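Excerpt of the complex: some chains, original placement.
We call the chains A and B, going by the order they appear; numbering starts again at 1 in every chain.
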């Protein structure tokens, strides 16, 4: 998979970035088998105030996780995975769960090339 | 929904960022009912010159709006929504309509978690 992680600049220390990457990676690994290859977590930082909810400028604690997945997993499994991401990122990023949005996009596995794939 | 908004650094003043977020949010709200919960607009700024069209470096006025939506809306409705976004962002960002690209991606609602959802 690739997890694009949208966070405000400097909210995550180097240690926290590692912790959040671990939380997401371990979540994915925990809910998949040996078919799993490698999870990428790609942090995308922007200055605080670049997020608006209902038109209202936010203070910088929001995290949006956009997970790019292969097709085929059940709704129940994806639900468990999103839940685990919310729970574990909440701890790693030191934020209330309400600050976390998680969206999954699915693609045919054939058009997902990793580290020189298929 | 989540609207990722790709703009060049400093093109939008704080007031313009609010205006563009309002334009997008109001567009979505105007074409949905009470099932609508909350629209996120997430600005992603990069230095001018990071956009290439047909291999040609652009001057910084381009805006790409990547809207992440639930599945199920009609082609006609999505068309109206994209059109309204182009029209209203053109005004808010003080740019010619030609500078605006709008793409919508759709996901099963179940794998869209907002502010601690489903």
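Methods note: a residue touches a chain if its C-beta (ideal position, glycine included) is under 8 Å from a C-beta of that chain, and two chains touch if they have at least 3 such contacts.
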For this session: Start from the 2 shown copies and tell me what the total comes to for the whole assembly.
Result: 3
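Following the convention adopted for this analysis, only the chains that are shown with their structure count from here on.
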Seminar exercise, completed: Chain-centre distance (mean CA atoms) for chain A and chain B, in whole Å, is 21
Problem set entry | Sites on chain B touched by chain A in the complex | 2, 4, 14, 17-18, 21-22, 25-26, 38-45, 68, 105, 107-108, 110-116, 118
Exercise. In their shared complex, at which residues does chain A touch chain B?
Worked result: 6, 44, 46-47, 49-55, 57, 62, 64, 66, 75, 78-79, 82-83, 86, 97-106
